[PDB]
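Before any questions on binding or motion, here is one chain by itself as structure tokens, the form deposited in one PDB entry.
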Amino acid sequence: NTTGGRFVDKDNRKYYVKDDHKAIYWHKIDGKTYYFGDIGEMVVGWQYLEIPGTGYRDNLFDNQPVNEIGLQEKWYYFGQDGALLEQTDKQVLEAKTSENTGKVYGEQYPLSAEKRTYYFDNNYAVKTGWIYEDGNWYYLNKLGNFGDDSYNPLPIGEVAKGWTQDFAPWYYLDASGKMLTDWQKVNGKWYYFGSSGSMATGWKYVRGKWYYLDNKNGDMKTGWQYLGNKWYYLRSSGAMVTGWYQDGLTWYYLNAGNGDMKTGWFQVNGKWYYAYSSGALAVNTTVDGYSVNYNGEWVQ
């Protein structure tokens, strides 16, 4: 693509000069790809740059008009010689930090960070999103942090850990980035991630039992829960109860199918029972005149 010029050392930097003009941005020179930024300085190592190939940031020299278009940006790695790493699969590289990113030929060595595995797309840019590796799903960040002036792209392409949203469904990656599935206890509470990994919220039927995960935060509930102007009792295991349930000495009746707590007179196998407005089963007394025995049965 670019020819007739020659690399030059000057002012502690490396430039590519052709006819007294410093190349800028993306250039392909004799089988290798380089990036010279907005004024010519040759880059090395980790770089967050506008994507190449369009023409708006390619084959340009400081003696030319630069289109105001603001192109998408992604991470790229350049060798210490400024040559782009044309990887389409994976590479072990040092964790992107503030010290080892955006540097240029002529600057001192960064500061060791820690080696990590980075995956790449078919155009040599760091890959983002979900990936399945060695039997597990990992989420490679697609977004950076904050906005405009204080925007931070460092997180992009990194393996996510802990609670993470996918832009929104929530997921939880373990200490090594592994996405959890099914029942998992996190911070002492239970969560159900099903088989796809997305966090369940609200009511969920799992293995023949009903459970209620916080409609917002997803954490499994237990004990008495007032849901939808109805009471339900969830065992310590979280599983919903149906039928008779004794809390202390007080009895309650959870609807045989839906599970909601009953109040008022109700029948169970022909026999009549009465529950107060709190659910407490009436026993050995009279209810509006009708006698109820020790089992709460309406006797004559």
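The term rigid core refers to the most C-alpha atoms you can superpose between the two forms while keeping them within 1.5 Å. Residue numbers count along the first chain shown, from 1. Compared with the form deposited in another entry:
After superposition on the rigid core, the C-alpha displacement between these two forms reaches 2 Å or more for just one residue among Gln108, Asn229, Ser176, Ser195, namely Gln108. Residue displacement note: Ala239 has its CA displaced by under 2 Å between these two forms (rigid core superposed). With the core superposed, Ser291 shows a C-alpha displacement below 2 Å between these two forms.
A movement of the C-alpha atom of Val17 reaching 2 angstroms or beyond is seen between these two forms when the two forms are aligned on their rigid core.
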Second form
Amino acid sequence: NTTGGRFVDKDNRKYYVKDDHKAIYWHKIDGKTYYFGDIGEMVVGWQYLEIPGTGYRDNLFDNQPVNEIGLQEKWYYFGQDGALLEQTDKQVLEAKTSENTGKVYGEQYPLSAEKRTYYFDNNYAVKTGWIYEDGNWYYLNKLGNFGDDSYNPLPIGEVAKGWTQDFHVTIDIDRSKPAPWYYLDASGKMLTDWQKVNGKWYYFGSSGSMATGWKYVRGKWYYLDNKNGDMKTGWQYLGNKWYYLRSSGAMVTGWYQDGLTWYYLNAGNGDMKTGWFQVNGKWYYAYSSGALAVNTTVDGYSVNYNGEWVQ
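Pass me the form deposited in another entry as well; I've looked at the form deposited in one PDB entry already.
What comes next is one chain alone, with no partners or other molecules.
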């Protein structure tokens, strides 16, 4: 807690001077918190700053050495008086834009008439990640917009919409950890179970993560694209074996007739069978294409209209 000082207005800026030295970075002054930057100019409004509390950026004055430290940056909101908004739940505030962030006391900037509901963590920074609100899950952006060299932290903390990947993020993305896919609706609601997006079907389960590969959902087997997740139908060559999935996407087992041709999908895994196989005591022969032989001979041996072997 900083004491023995005084706020001073000068040069269309504001400072906190004690013993004739300017205050810098974070300071607790009389039950309130302020951030005076690198040269002492008090900040107002939306600010993207290193997290306070470590002491490496706290209770410092312009006459002391500033230490090298690797601290994560986060969004904070200060009032027009310079006092930090110590909110830990939610609050409606002016939207974060390209022209109301990083301003100092004295600097006049347009007030965004657009107001948004921002959420805060227990340390007064804008919350990121998942949040539950009225029986639904929303995702607040963990990362800004990336570029070849450009990074815009402005979207951090905003309600995500559409296809969104959830990364493990501290200061940078952790590419060693998984990053599932989610879809937030036109109001940010996380989608669950089966959903049709852009004409194709996707399964999000009960947790919301997009499914990939084979998935057993309510007694049926489905195949979601191994990478893009969209549901497959019809004949599919997966794992060097053949499978037929209905228009509903449900895998087919047993006998199936495509037009006039008969195929047999193995009972267990539904893989198409070839060559000689036996169903309920009787024998059948299926060509390389999986098509069943009917009313013909196979190596001299005869099969009737049902494909059954007739001694």
